[PDB]
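Coming up is one lone chain in structure tokens, specifically the form deposited without the named molecule.
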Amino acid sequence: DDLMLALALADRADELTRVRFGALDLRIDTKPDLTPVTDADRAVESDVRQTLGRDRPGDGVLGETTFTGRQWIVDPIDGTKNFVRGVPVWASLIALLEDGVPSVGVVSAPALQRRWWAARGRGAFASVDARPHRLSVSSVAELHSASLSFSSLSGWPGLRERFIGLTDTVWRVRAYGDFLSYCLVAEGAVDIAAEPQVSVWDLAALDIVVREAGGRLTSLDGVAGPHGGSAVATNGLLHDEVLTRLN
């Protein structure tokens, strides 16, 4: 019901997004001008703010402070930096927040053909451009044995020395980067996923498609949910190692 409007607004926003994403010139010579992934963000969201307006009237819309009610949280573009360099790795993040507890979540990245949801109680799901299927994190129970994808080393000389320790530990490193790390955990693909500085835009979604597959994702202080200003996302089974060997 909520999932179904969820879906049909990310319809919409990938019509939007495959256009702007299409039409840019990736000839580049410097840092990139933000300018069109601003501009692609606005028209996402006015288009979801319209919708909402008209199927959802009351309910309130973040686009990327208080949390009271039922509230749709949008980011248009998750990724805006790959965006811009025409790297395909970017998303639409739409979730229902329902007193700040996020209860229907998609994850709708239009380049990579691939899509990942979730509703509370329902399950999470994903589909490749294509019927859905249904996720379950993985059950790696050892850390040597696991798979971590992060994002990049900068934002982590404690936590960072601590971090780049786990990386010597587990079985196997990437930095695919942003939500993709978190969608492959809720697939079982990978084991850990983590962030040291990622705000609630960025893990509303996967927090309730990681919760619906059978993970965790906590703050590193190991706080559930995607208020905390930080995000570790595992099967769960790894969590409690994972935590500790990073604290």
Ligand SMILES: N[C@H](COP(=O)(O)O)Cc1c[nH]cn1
Second form
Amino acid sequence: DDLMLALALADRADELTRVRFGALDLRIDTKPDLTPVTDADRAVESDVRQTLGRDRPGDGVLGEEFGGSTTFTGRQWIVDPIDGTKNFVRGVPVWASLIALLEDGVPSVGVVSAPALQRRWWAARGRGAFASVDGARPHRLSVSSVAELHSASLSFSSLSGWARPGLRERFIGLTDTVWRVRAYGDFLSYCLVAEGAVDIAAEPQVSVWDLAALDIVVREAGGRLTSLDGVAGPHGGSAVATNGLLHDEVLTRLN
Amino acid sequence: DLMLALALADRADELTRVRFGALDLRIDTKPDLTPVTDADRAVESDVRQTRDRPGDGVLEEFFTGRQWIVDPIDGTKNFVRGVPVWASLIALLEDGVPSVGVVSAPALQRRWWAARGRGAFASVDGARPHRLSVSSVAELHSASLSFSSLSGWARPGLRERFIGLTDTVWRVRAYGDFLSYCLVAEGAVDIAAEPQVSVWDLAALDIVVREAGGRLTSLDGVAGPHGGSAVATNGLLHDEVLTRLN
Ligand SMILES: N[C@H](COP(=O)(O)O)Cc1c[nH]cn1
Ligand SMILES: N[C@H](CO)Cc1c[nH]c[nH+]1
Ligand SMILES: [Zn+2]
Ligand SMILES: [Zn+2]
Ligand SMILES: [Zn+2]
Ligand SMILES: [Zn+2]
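Now that the form deposited without the named molecule has been shown, please provide the structure of the form solved in complex with the named molecule.
What follows is the entire complex, opening with the chain shown before.
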């Protein structure tokens, strides 16, 4: 089945990314040469496309690095080989491959694979969400039971993205009200929500390649993921993930 | 002295790993800090007990000559929620100047250490140690910054200034607590800053940052761990960072 293949693709991407991460010349003195990450990002995409072309010939593929059909029909794989390239290039291990199958534009299978954090998160529709640490036996994920905002832990990415001068004030406001604030960034915030270690994750601009695997993992863990406008799923352009209980309050404070 | 510190961390790692694993992670309100206070006390007691170096003093749970300073669990608010960003900080101070430091985060499978004049190192999953050096980033507009949370920056003007700083740098995260500083020492980040931080929380970090070639000061530019706040950088960026915050 489809989950088994997605997990296999992540195993393969992990081999490709691990070696390249290790190979990086980490000496730096200005904004980093994104070049070797673009190389690695392209290499892993090409390899996933080649495997997909063989082993599920029918299904479409959309790639962040190379491209795919712009519309969203039938079975379609969506792949971001390295989410967190800006960490990758600095030697910061917060980066992952995101591999997701969409059925008529609805995420049905998700894998987030972060070999340099020795972690994987995955989910298939109606089958639950899971995580492994250092390849050890998988644990079923569930969101937290935190019902009050004043008791909630939030993780974000960076303050700059919250562009609108009012939305920034509103978001800064939200950080003042919650119990705990960090910014683990990118995919990590959302996986932590799914794990129930964090209660809220928010990003003001985020693409479908970056959200697709997360949407299914969050949901199968019991959580909710929507745009800032409350539209469910990965196509919103922004994402707020919560344990569900907190969702409407979070969205209300942000609007 | 260094060998002893690394040994104390090995022992603290055994105590902390088991207790982190043992935690009941179901939660619906602010977390019961109780099991972390228990673990914190347990590790401190066991370090106090560990004996060899009987002459030396010991100072978070329970500044003359040889004094050990120990925070057994930095990042207790992570520990209690199941977030693996937490560590033991073990440091030796000589007349109030850090000479030996170990940061051990077994849940991240990482350790960072330094002794005066001997350099700074890190291990990942017990694999062969690497010598650390800070980055060579000279321009603020190209710098990566990591902090803790925004609320700590209390003063309405200092907050605006800090928010400003985040707007100007190339990359902003908040990995939090000890992690930000260790990343500076690794050269993976160029600036780390916290507006309220205790000597127990900075002592191991001061030596690690400096042996890696960086600088660590208060927000008022007082060098070392006693300043009540900390800014660590690769050195090159230090004065510009302090100036923008003052
Ligand atoms: N920093 C990201 C650019 O690189 P990448 O897509 O190759 O990781 C943008 C991003 C993705 N998720 C969160 N932010
Ligand atoms: N924050 C991650 C939580 O799994 C671990 C980490 C961050 N940086 C390095 N390691
Ligand atoms: Zn990418
Ligand atoms: Zn991406
Ligand atoms: Zn502390
Ligand atoms: Zn701390």
